[PDB]
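> Single-letter residue listing:
Number of protein chains: 4
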Amino acid sequence: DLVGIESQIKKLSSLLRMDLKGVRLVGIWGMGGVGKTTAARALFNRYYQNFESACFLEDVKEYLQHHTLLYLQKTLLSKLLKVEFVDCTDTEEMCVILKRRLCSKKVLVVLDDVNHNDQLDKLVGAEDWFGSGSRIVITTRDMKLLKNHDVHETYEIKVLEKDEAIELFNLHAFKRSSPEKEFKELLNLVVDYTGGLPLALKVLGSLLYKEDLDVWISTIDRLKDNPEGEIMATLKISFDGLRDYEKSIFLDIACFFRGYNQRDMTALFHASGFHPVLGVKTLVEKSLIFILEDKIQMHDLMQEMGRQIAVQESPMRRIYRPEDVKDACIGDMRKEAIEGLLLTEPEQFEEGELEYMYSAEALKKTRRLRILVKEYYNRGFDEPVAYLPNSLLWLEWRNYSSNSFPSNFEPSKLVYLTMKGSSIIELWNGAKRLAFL
Amino acid sequence: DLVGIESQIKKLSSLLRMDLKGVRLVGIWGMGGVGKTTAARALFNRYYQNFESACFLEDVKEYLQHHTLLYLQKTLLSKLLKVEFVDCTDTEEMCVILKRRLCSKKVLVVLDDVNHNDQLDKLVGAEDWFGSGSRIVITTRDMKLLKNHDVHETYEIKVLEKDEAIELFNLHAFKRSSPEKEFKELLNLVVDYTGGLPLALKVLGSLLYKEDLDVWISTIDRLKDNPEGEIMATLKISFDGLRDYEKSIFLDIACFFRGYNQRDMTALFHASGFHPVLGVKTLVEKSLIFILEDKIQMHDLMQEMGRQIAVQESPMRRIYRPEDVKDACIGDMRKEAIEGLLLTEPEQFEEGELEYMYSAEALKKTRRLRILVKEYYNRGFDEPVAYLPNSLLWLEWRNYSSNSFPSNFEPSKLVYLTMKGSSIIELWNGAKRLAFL
Amino acid sequence: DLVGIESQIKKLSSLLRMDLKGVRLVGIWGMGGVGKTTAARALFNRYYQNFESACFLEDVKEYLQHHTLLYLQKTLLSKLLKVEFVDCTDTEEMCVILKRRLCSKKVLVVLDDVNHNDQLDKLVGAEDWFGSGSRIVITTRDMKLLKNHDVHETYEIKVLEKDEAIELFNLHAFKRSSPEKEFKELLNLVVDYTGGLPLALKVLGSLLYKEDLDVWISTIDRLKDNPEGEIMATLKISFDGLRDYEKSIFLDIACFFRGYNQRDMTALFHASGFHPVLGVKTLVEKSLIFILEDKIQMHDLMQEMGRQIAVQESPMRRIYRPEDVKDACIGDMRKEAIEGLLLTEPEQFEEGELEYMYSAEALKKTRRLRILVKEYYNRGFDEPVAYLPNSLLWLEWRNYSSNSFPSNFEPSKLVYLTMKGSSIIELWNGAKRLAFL
Amino acid sequence: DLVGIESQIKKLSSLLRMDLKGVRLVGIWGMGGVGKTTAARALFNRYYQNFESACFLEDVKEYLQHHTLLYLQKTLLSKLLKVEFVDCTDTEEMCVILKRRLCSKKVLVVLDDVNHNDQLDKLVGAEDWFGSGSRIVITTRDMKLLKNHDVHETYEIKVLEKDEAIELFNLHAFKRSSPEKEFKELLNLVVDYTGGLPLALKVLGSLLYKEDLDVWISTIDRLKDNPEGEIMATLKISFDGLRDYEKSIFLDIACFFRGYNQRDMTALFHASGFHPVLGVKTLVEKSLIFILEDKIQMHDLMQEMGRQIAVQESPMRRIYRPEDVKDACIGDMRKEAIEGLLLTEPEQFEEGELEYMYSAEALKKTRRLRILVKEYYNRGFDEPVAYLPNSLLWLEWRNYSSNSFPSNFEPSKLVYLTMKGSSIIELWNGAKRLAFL
Ligand SMILES: Nc1ncnc2c1ncn2[C@@H]1O[C@H](COP(=O)(O)OP(=O)(O)OP(=O)(O)O)[C@@H](O)[C@H]1O
Ligand SMILES: Nc1ncnc2c1ncn2[C@@H]1O[C@H](COP(=O)(O)OP(=O)(O)OP(=O)(O)O)[C@@H](O)[C@H]1O
Ligand SMILES: Nc1ncnc2c1ncn2[C@@H]1O[C@H](COP(=O)(O)OP(=O)(O)OP(=O)(O)O)[C@@H](O)[C@H]1O
Ligand SMILES: Nc1ncnc2c1ncn2[C@@H]1O[C@H](COP(=O)(O)OP(=O)(O)OP(=O)(O)O)[C@@H](O)[C@H]1O
Ligand SMILES: [Mg+2]
Ligand SMILES: [Mg+2]
Ligand SMILES: [Mg+2]
Ligand SMILES: [Mg+2]
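Protein chains in written order, with this note's numbering: chain P, 44 to 480; chain X, 44 to 480; chain C, 44 to 480; chain W, 44 to 480.
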């Protein structure tokens with residue numbers, strides 16, 4: 044029943060101001076699941092009587108997946124006015140027709156989802172196409188398309204809060220009734236799992252409906268292990284579009300470095316062949332990641348998205364889970380595309396797979412390796428390391444069994460190296476290059 | 044000519060009762076091929092004159108595969124009334140229009156095939172959208188969508204009986220004439236092969252039409268070996284939708300355990316990483332399996348569906364057929380993804396492949412193994428077993444050649460173990476964990 | 044300009060007879076490229092004035108690939124009559140509407156391309172839907188769909204003759220002008236390459252248009268080596284539809300046995316796991332192969348279709364070309380899926396690859412082998428054979444270097460064995476089974 | 044604002060002449076991104092008032108990807124005249140209707156994008172379908188379709204010049220403002236990267252819009268390394284269509300031989316199994332390559348297209364980049380499909396990978412090899428060569444360490460061989476065949 048929305052009509056109304064002359068373009072930028080269309084619909088339903096004519100569209104992306112762009116703009120003209128479709132086999136005649144016919148009128152037009160600029164150029168991209176008092180609202184997942192246009196104001200919509208999330212989930216799961224004084228702990232766990240994103244609340248609300256308490260705990264365990272693919276598909280829509288390196292940057296951040304320092308992240312990505320100046324800016328642009336106190340923290344569910352995508356890959360390019368380490372010991376197949384590693388606690392193998400993975404002869408079979416992390420305290424059952432291949436960019440090691448680094452090691456454009464081990468005599472015998480740090 | 048249908052109009056009529064006031068929702072839940080649309084059509088054709096207006100749809104799934112949901116509900120309003128299409132570029136205005144326009148009327152509306160709840164919410168999901176006396180009929184393959192709605196009554200439609208199946212097949216194969224007193228044995232074999240499911244009778248009826256007796260026996264042999272893919276595609280439609288573990292549960296049940304005990308099945312699935320509380324409930328929900336006397340018996344054709352799907356897979360994850368055992372002896376490729384086994388009668392190999400498969404060195408190449416079944420009496424040409432890898436969850440062995448279990452065996456969260464062998468001195472030297480049984 | 048067509052209007056007219064009362068169904072069955080639609084159009088254009096109303100469709104397959112079956116039959120009613128589309132969201136109401144409205148009229152209706160029986164049932168499948176004097180023409184690639192209906196007469200259309208093919212090609216290549224007294228030899232070679240099938244003549248006619256003589260010879264060489272994929276796609280349309288074994292039967296016939304004896308072919312296919320009673324009948328049914336003097340001769344272009352399809356396959360299951368033999372000597376990859384062989388002339392290897400292929404140790408790496416043919420006279424540089432694996436079904440060997448068969452050979456349900464070699468003392472030492480021959 | 048276009052209206056106007064009687068067909072042939080539709084639109088907008096009726100279409104390819112050809116020509120008739128759609132379920136009746144109805148009128152019709160001749164035949168393919176004074180304009184990517192028709196004149200549109208490219212990019216990047224006296228060097232580099240092709244200017248203009256100078260240099264580096272896939276997709280559209288050997292010819296030219304001599308190129312392609320008489324002619328025909336001073340120079344961006352396509356391939360069939368050489372040293376996988384090589388400067392390996400690649404034992408693992416180029420001066424750290432496999436067609440070697448060619452070398456239908464080495468005693472001991480040179 045539109046919970047927490049009334050606080051938004053004031054914010055949207057304030058941006059336009061409703062007393063200025065001419066045309067103003069406002070862009071609503073979200074996250075890909077947070078309330079965007081519902082907010083646009085609320086504004087439409089409140090102010091649609093002030094103008095001579097108004098129109099509203101949903102999911103222009105799907106509309107062009109079923110129809111043609113010329114047809115779409117054909118309907119828009121026939122919606123503002125009551126006239127029937129006018130024949131035009133050329134798009135440009137239609138653009139001139141919109142300019143010539145509806146210039147001397149005040150209208151409100153809402154766009155729901157756009158991804159490329161020719162959409163705006165063919166539909167609403169102008170300044171004098173509309174008369175005085177007209178308002179243009181464009182909803183999109185990234186502000187970049189808005190930036191190329193002359194959008195006066197923009198609004199970024201954040202996730203719901205604890206009280207609002209609980210209220211919405213309670214509304215969906217129990218529309219009339221109330222929990223039988225035994226679901227509060229489960230309520231807290233479920234809502235904490237999502238952390239805003241009302242789409243997830245809607246999906247889970249319809250799932251646990253007239254379901255006994257016996258299935259709720261199983262649902263918690265499944266959600267802990269499985270990403271609940273239904274929401275993951277809607278998030279996956281935003282993933283398609285990254286060209287060559289943004290996927291690698293996003294996968295690197297999601298798999299290993301979620302809340303690390305920015306400067307070291309840019310140093311790593313620049314030294315690894317990616318382009319942080321472009322990749323980081325556009326990833327922030329598309330609301331996949333956000334910067335908070337010089338960190339690159341993302342949403343909880345987006346991390347699960349990246350982890351699942353990394354898992355579904357025939358060559359294991361990202362090993363962080365313990366069982367994937369076991370699968371990587373086959374040999375001659377998975378070594379050539381390891382592209383990273385993350386050693387974990389050893390009380391899951393019970394046969395010495397962990398010691399073999401970082402052994403000398405195992406590391407000679409891999410040739411591309413950038414990230415290697417070993418984070419678990421030494422029990423007293425470790426072995427010295429020999430190879431340390433000549434391709435690493437990020438090094439993290441716990442207690443070091445060996446006396447010092449091997450003499451066959453070259454930094455090889457290293458970036459980050461911290462050693463928490465308490466047994467190191469000297470780092471190196473001489474003074475090597477250390478071009479980057 | 045709608046055989047056996049007259050007994051159903053009474054059952055459907057009784058549920059609504061036809062004398063109550065307000066609106067009542069009835070959900071017809073079937074199996075994916077049993078008569079569902081035909082029953083809905085019979086009810087429609089019998090009671091369509093009682094109401095002011097009525098409408099009927101087929102295969103809403105396909106309709107959205109060709110059109111948009113907004114267009115679909117646009118036609119529904121234009122069907123109840125004689126008015127032309129009304130322009131609305133937003134779905135919500137259309138929902139309000141249905142509520143505002145057709146509230147003060149009594150109508151009958153039938154939905155043929157739905158899969159997601161937003162379909163019902165956008166089309167028929169309400170209580171006061173329709174006037175007094177309105178009836179809503181929703182046909183679907185699973186009652187779960189009905190459960191989220193306030194459906195008053197539900198009806199599950201079962202397969203046809205022996206007499207009805209024979210009558211329908213005779214109608215299709217010989218619409219006017221009669222069998223020439225030589226097809227009765229073939230008639231019994233063909234009808235027994237299907238076992239209800241009038242779709243299979245329709246498919247086979249049109250195939251053996253003006254065909255000589257010489258081809259009938261060949262058809263029986265082909266049907267024994269081949270699953271007759273045409274029907275298998277319609278059943279395959281229901282398979283798509285299972286998220287991650289329901290496919291594994293269904294494949295496990297179809298391949299090995301069809302009529303086993305429920306409790307051991309849930310113990311196996313819970314111990315193997317799946318979620319029986321969710322998977323079993325939803326598989327029963329989607330009418331893929333049913334529970335009869337604490338068993339998990341399914342339909343005969345669904346078993347062939349699962350077996351064929353398991354066969355078409357580049358990594359042989361399910362070996363039950365004898366020739367697949369031969370193909371699994373290549374080595375270094377099929378061992379790493381064996382994920383189960385089923386040894387069969389040895390009078391098909393004639394070269395000792397069976398003894399090599401369970402040999403000591405063969406079992407060291409496989410690391411993931413949950414189910415292993417060996418069911419054939421010992422001729423006197425067997426060999427002792429050595430490895431018995433440390434990953435099994437289900438064990439079944441015939442006469443045991445070895446004296447006792449190897450000392451290198453750990454139960455490894457075992458679940459089921461029965462030994463029909465008559466040569467066992469002691470199970471183990473000591474007392475191990477045996478956490479699960 | 045419709046060459047050779049006038050001889051067909053008489054044949055089609057004679058079948059209906061044009062003086063009978065009631066409704067008659069005639070089915071035109073072709074080959075998949077021979078003139079079918081053009082013949083139907085000629086009959087339509089000649090007799091469309093005799094009836095009150097008439098209609099004609101093209102490529103119902105494509106129409107349902109873009110529209111819905113309900114829409115298709117909606118247009119058919121609106122074509123016979125001048126009335127606008129009538130609303131009906133259920134197909135069955137539309138079928139009853141056709142029966143109720145157009146029963147008392149005489150019409151001519153032509154169907155262009157159908158593949159499944161529900162098309163005919165929903166559109167034209169009845170006897171009293173049409174009034175006296177109505178004619179139904181159904182064009183299809185296989186008579187099986189006609190057989191399930193009560194088609195009175197059928198006509199099979201064959202390829203064009205030498206004179207007609209030359210005339211049509213000359214019309215396409217030189218619509219006004221004439222060859223400059225130097226293209227006659229090239230004309231004969233090109234027309235001989237196609238051998239009828241006016242679609243191929245149309246494709247090649249538009250390709251060699253205002254092209255110099257220098258490119259013509261290159262075109263002949265390319266056509267000799269390349270199958271000219273454009274026509275191959277139209278033929279490929281018919282390939283899709285074979286379920287599991289018809290593809291294997293067709294590939295076996297195209298690759299090796301084109302003009303062999305029928306009885307041995309059925310013996311091979313029955314002994315190899317296929318079903319000749321079904322496969323051969325339906326392949327003849329779909330006009331892929333035809334029987335002439337107890338042979339299985341096919342069209343020339345269909346053989347190139349099968350050969351190309353066999354070539355495009357990552358596992359080399361059909362080796363007949365000489366360079367594929369070289370590619371099959373890699374080892375451990377191609378042996379496990381050889382599924383046949385055809386040794387050819389040895390003056391293309393010049394390094395002894397041919398002798399290695401049939402060597403003893405090479406044949407132990409293959410386990411599935413049915414067809415093996417060795418047809419080239421012994422120069423005096425051959426070696427004795429040792430293994431002769433225990434899976435063959437068809438054997439053909441030239442001059443035999445060895446004295447007799449190896450003692451480790453079992454017939455293994457052999458079917459065909461002829462030996463043209465002049466050096467054989469005895470076939471076997473004893474008397475083995477020889478279950479099939 | 045249509046920069047540089049005014050010089051084109053005169054050229055197009057001159058071809059028709061605008062004073063002749065009858066109908067004339069003019070074909071505009073471009074490159075796949077150069078201004079073609081905009082030029083056609085300019086001519087339309089200037090001369091559309093002279094005729095009774097006129098029509099214009101865009102992207103007929105997409106129109107048939109969403110609609111049917113019959114529907115397309117249905118709209119064309121309803122555009123010239125004001126009448127509503129006329130029912131016709133057969134295309135041929137529609138063609139006769141166009142001939143019968145609009146013959147006695149003068150019209151202007153523009154086709155935007157065609158790929159197959161039946162499009163023209165069904166729409167505009169005739170001479171007397173239109174009255175005196177009618178003009179037909181057909182825009183297409185290749186003149187071959189025009190050649191089959193009776194097109195009187197053709198116009199090929201070239202890329203923009205330096206001044207025009209700078210003006211257009213400045214218009215897109217700064218529509219109102221001007222560069223802040225610091226972007227001139229960046230302007231020159233960006234425009235030089237594209238070299239005409241206004242589509243690339245449009246794409247890059249919208250990307251660097253209100254972007255700081257810090258991101259511009261990163262964009263230059265990314266464009267140097269990445270092909271900017273957005274434009275590459277539009278160019279990729281033209282790639283689809285080449286049948287079997289044109290792709291191989293194009294990949295060979297793009298990867299290695301861009302500005303080489305024509306005659307040696309045709310000799311190589313003819314000797315390698317391709318058909319230069321067909322392949323070269325049609326590649327020039329489709330405006331992928333052009334001939335300049337007996338060279339095969341292409342556009343700069345098309346070379347990046349070919350290089351990227353060659354890179355995205357699981358079997359490395361084209362090794363020219365230095366890191367791909369490292370990836371090709373795995374062994375037993377990449378050797379069997381090397382199909383060419385290009386050795387580069389050795390100050391990128393620093394471990395001796397280059398010497399191993401051309402070593403004796405490495406070359407025995409490859410069996411298909413046509414092109415091998417080694418272009419870097421000998422530092423004094425090279426090794427003699429032994430194998431030189433018996434399959435090469437093109438040889439290029441720098442300073443030769445060995446005394447002479449190995450005695451196990453056969454020319455093997457060699458084509459090109461130049462040796463810049465200064466240490467060669469004799470080419471061969473005797474006189475071998477040397478069939479081709
Ligand atoms: N604050 C809220 N109150 C009530 N319902 C909400 C709220 N936020 C979201 N929803 C519901 O959850 C769903 C979320 O989709 P939403 O309307 O946000 O589209 P969207 O996220 O803009 O679409 P996309 O991001 O894919 O373009 C909607 O169906 C909406 O009904
Ligand atoms: N009892 C019956 N009498 C006569 N015909 C039947 C009977 N049952 C099924 N059929 C025929 O067999 C076919 C089975 O399809 P049915 O009408 O059951 O659709 P459905 O199974 O509801 O579709 P789905 O399950 O894919 O949603 C129908 O075409 C119907 O004509
Ligand atoms: N005898 C002929 N005279 C003139 N033209 C012909 C002749 N036979 C075929 N053609 C031309 O060659 C083409 C062959 O296609 P045809 O009309 O035979 O369709 P079809 O083969 O029935 O289609 P399909 O087999 O794919 O269903 C047609 O476009 C037709 O114009
Ligand atoms: N000289 C020019 N002046 C202004 N704008 C141009 C010029 N040339 C191209 N453009 C713009 O760049 C884009 C290039 O596309 P264009 O109009 O050339 O279509 P096209 O290349 O004919 O399409 P295709 O080649 O894919 O069939 C157009 O949108 C056009 O607006
Ligand atoms: Mg939205
Ligand atoms: Mg149904
Ligand atoms: Mg046809
Ligand atoms: Mg264009």
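No lab work stands behind these hints, which were simulated from the structure alone. Hints may contain errors.
[What the hints assert, rightly or not] Under the rule of at most 30 Å between Cα atoms (straight-line distance), these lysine-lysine pairs were calculated in the DSS-like manner:
#, chain 1, residue 1, chain 2, residue 2
1, W, 125, P, 117
2, X, 324, X, 369
3, X, 53, X, 104
4, X, 369, X, 190
5, X, 253, C, 218
6, P, 407, W, 142
7, C, 324, X, 279
8, P, 53, P, 290
9, P, 224, P, 279
10, P, 187, W, 218
11, C, 408, X, 369
12, C, 218, W, 369
13, W, 148, C, 122
14, X, 408, X, 338
15, C, 122, W, 104
16, W, 407, W, 79
17, P, 125, X, 218
18, W, 369, P, 290
19, C, 324, X, 218
20, X, 290, P, 245
> Tell me, which hint numbers fail for this structure?
Per hint list: 2, 4, 5, 6, 8, 9, 12, 14, 16, 17 violated.
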